[PDB]
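Okay, so here's just one chain, in structure tokens, the form deposited in one PDB entry.
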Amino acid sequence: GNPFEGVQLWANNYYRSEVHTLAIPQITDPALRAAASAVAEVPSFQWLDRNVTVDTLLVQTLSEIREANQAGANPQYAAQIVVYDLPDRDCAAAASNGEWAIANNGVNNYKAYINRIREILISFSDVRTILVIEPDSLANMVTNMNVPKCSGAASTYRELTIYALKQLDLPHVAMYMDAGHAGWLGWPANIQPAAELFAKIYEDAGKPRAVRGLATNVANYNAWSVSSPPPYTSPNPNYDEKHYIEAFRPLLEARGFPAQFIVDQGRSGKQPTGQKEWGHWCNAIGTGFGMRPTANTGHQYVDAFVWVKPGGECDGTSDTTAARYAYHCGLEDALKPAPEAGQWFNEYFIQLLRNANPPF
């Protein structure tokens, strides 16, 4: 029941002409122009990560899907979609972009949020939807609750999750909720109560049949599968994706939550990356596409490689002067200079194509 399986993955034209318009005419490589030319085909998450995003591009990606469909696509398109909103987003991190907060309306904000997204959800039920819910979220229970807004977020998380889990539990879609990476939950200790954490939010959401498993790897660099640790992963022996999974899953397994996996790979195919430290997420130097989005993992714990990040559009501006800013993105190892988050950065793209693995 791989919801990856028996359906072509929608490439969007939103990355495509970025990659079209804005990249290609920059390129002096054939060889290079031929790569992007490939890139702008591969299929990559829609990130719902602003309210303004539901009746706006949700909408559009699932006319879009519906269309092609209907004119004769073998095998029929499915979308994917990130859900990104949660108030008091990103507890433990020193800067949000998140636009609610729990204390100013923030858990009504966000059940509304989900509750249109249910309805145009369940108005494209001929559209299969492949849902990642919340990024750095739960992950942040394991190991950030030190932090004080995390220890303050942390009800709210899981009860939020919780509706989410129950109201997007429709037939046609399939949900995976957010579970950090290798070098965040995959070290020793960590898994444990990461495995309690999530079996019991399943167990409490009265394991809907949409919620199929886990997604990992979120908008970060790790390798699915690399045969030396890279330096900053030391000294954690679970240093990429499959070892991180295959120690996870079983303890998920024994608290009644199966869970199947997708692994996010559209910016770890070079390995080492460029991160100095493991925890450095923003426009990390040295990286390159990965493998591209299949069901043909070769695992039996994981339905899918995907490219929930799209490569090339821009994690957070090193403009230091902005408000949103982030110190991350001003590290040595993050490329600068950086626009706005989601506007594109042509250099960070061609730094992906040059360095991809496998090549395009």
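Numbering follows the first chain given and starts at 1. Rigid core (definition): largest C-alpha set, two forms, superposition within 1.5 Å. What changes on going to the form deposited in another entry:
- For the listed set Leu170, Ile120, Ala95, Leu251, the sole C-alpha moving 2 Å or more between these two forms on a rigid core superposition is that of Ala95.
- In this overlay on the rigid core, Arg324 has a C-alpha that sits 2 Å or more away from its partner position between these two forms.
- In the core-superposed comparison between these two forms, the C-alpha atom of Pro30 has shifted by at least 2 angstroms.
- The Cα position of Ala341 differs by 2 Å or more between these two forms after fitting on the rigid core.
Instead of the form deposited in one PDB entry shown above, give the structure for the form deposited in another entry, please.
The next block holds one chain only.
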């Protein structure tokens, strides 16, 4: 039942175009240019981070996959898409604040966005589609109820999550709900409360067939499995994603949710990282491209290692005067100067390339 089995993963043209139009013209070294071109072919998730992406980038990518598959691709290609446009998005940090606000028609806007995505996916029932649903949202509901914007958004996040899970429960779709990372929900105190929250949402959505499990480490830098805990992980015993998942799955399973996992490794190649504290998430120094996307995980509970966050796309601006400035992005272990979240950050791309493991 692994939705990553029996397909290959399509590398999308948005990221390929970033690398060829924004990155490569800035690289002169012949070997580095060639390595950059190779990264552009690694199949990372495409993000529906703005409403305008639905009718443009989603439809174009599904059209291109259809065309490649009709031309005889073997194995057939599958799409990898992130749904990331909740109103009052990114409730615990300014950096990825979205286009919609709950107080300004955000619920209606989001339900329409989900409905349009559904319409598109139904029309592309010939393209196997793997979705990650709303990075950070439910993890914020576990740990950030002390933050007024998160507390105020919780009931809306819950309603809209259940809406998405039901609406996008289509026969050719597999969904993974975002579930934080080892250094967030994997702390032993947070992990049972997290299991309870995720299992109840699953139950309240009616246990949709298409919900395959959870995504972890999205846009973070954790190791899958290292023998020695990186110093910044102390004193969390769940110091890597393998520890987190092996602790988390039994808890979820006892509560009726036999979740399979995908694990982001797109910025996990260099361990330990240059994070001075584990909570430093923004444009972290000392990181590299990590293990390539694969279903060959060597672990029963892990469907795939994936590249969810596309390395080179910024985590947040370092401009202290900007509306979306988060103090995390101005720290000494954040690469600077950095552009707005989601925009291309070429010096970061080069860092990831230099530190890539396996190398390009």
